[PDB]
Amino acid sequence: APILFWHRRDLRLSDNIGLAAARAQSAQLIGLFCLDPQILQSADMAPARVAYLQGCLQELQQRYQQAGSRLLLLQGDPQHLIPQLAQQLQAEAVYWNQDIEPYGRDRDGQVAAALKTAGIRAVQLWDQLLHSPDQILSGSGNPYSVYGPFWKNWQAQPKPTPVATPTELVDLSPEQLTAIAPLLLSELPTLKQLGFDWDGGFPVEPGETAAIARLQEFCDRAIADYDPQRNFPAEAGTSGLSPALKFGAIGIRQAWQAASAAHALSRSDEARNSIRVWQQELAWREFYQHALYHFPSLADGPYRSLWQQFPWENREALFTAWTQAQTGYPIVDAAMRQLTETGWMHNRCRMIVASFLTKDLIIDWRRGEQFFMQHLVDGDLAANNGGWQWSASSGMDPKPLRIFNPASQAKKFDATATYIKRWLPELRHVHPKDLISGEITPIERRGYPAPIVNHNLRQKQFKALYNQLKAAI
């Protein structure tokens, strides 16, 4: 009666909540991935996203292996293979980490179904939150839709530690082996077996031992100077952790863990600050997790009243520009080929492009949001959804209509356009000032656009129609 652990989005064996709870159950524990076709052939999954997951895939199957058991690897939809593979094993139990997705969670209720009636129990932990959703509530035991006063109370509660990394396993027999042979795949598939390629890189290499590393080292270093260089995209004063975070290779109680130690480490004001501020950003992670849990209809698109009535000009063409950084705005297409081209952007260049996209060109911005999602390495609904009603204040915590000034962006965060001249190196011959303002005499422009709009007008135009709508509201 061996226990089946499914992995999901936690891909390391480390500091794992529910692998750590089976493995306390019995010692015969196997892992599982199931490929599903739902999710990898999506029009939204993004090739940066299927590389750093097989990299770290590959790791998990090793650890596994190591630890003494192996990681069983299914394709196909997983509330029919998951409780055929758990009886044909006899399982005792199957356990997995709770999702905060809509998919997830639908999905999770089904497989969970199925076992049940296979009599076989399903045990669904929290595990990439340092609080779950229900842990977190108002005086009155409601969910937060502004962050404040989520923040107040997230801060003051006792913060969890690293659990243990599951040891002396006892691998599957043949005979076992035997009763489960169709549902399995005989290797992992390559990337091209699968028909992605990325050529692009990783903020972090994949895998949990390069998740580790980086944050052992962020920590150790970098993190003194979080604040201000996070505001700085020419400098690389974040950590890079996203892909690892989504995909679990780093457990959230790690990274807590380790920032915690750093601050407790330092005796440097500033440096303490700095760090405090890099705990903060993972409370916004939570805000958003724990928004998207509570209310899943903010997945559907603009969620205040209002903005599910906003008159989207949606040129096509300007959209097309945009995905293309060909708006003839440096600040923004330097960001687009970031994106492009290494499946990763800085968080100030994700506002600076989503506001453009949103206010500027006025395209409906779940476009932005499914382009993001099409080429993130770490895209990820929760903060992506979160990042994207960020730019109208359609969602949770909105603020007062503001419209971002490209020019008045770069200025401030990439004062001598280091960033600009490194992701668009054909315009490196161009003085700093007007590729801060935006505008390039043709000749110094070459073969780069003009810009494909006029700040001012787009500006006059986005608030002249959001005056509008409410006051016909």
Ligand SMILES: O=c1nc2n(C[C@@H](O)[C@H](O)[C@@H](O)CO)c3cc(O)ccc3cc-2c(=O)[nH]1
Contents of the next structure:
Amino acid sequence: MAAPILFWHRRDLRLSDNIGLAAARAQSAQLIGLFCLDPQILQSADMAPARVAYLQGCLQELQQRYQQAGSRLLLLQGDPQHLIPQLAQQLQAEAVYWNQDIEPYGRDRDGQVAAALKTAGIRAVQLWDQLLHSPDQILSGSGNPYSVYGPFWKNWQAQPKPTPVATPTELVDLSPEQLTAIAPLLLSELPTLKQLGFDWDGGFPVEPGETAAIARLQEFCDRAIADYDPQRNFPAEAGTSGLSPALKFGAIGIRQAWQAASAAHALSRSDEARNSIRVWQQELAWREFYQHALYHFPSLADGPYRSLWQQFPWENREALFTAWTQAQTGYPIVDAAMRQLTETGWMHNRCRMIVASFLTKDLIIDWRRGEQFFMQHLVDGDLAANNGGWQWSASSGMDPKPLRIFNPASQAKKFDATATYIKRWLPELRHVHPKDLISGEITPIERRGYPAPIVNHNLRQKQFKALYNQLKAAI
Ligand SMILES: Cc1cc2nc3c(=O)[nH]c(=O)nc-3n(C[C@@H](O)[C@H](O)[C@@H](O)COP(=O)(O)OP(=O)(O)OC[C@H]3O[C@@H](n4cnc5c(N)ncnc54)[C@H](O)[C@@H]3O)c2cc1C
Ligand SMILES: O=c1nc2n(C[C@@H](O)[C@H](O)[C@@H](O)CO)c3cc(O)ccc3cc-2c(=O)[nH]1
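Here we have the form solved without this ligand; I need the corresponding form solved in complex with this ligand.
Below, the chain from earlier opens the complete complex, with every other chain and molecule after it.
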């Protein structure tokens, strides 16, 4: 009990399995939560309507959970460097708790806020919550960060795994006197999506909120997971969890997700299952690899990390970029993926690799243009993972690899052999023959209004290799 402790939420929108929140409840029952609508983020051109819609639904639930627990979630709108210390001063808060992040913006903001709180004589405690292992814990024998997945995985996998922490209960709300002291800093109501200027009708991979995310984890683990491998390969198959946005925003705790995978892996008697489960567990490790990477090498966010890739002579033809964004490339597998993206705010992972390779190696456009278009549409848009996926398409950052220019055709054959996914997103081509949809060779008569390939794959492959080889001669 005692004076109030403020817990500042940002990307951990849940009451359960929250490290910082659990640590705070151990210090006082007068635990008040807050979320600050930050214009520097919400007004950025990098916002996606699906993503704000998801965020807004998570906050609605969180307001309720706090009310049910005994206190409330305070809502502010403005610059946190200014509003957080002021709010804490007015409430003479004993401390302000929050969970650390890996993003440059987040880390700079947090330092300023912490500095301001100290100046005010108020304690700020920042703990690690969104990762099973913090960036400081996973280092090589020489005490250096990993820039290659292999060694990172062997280390990460051998570390003892933490257990989910308890959900705080029996909280005590603020008094009328305290509410009066802060009234001028508060928002009276959670704004609606239209009030923020966004609209979204495309649905979600998982419904917003802590309850839904938890329900989905349980469900994925009682059935799906067992078949993860190889079901995750096929875009037509609903083989993945659909939890990506819940993990981006912390609607589900990472220790709860790992624990569920552990349990499922033990109850499983089939060796095939035990494998699908271990494959999903590695996907959680890829997530941390990319988050630790941005933490250790922040410059990654600025563009190509490897020097030569910084000098690459991208062609950058706007006309090709536009057709890409509009799903008018003429390459079925590609256009189908781009339609799923813009219509639903989500895209199967195999398709993200395919459209990324396409933009970088076929269209020869600086991948940063693609990185930004993705952030503007993805419900799970996440700087670390998106930047990691795009650097991947060019081997310009972490975990590099030898050149390999994909053939959309081949990929289609491999992952959409029957063209089910393609026709799902390109109905105007339902009449066409799989063989044709996979190959991309459609007769002008049965293919309709649908465009012809905007580029010739083989001519593009040579062009790219040529630009790449010329360059290698001056590095
Ligand atoms: C170009 C590109 C951009 C990407 N952008 C994002 C993005 O902005 N946000 C995002 O969450 N993921 C991104 N990824 C990875 C991506 O494929 C997603 O994690 C998505 O497919 C998850 O769907 P799911 O939740 O069903 O995944 P599952 O297969 O169920 O995996 C479970 C969780 O593991 C994590 N994960 C899975 N694959 C990866 C991966 N390759 N890298 C990092 N984490 C991974 C995610 O948190 C995911 O929710 C990107 C990948 C590429 C190639
Ligand atoms: O504190 C906030 N965090 C927001 N975040 C959550 C976090 O990513 C976080 O603030 C930072 O750590 C990002 O550096 C958003 C993330 C999105 O992708 C989209 C919108 C937001 C909006 C906010 C916001 O208004 N306030």
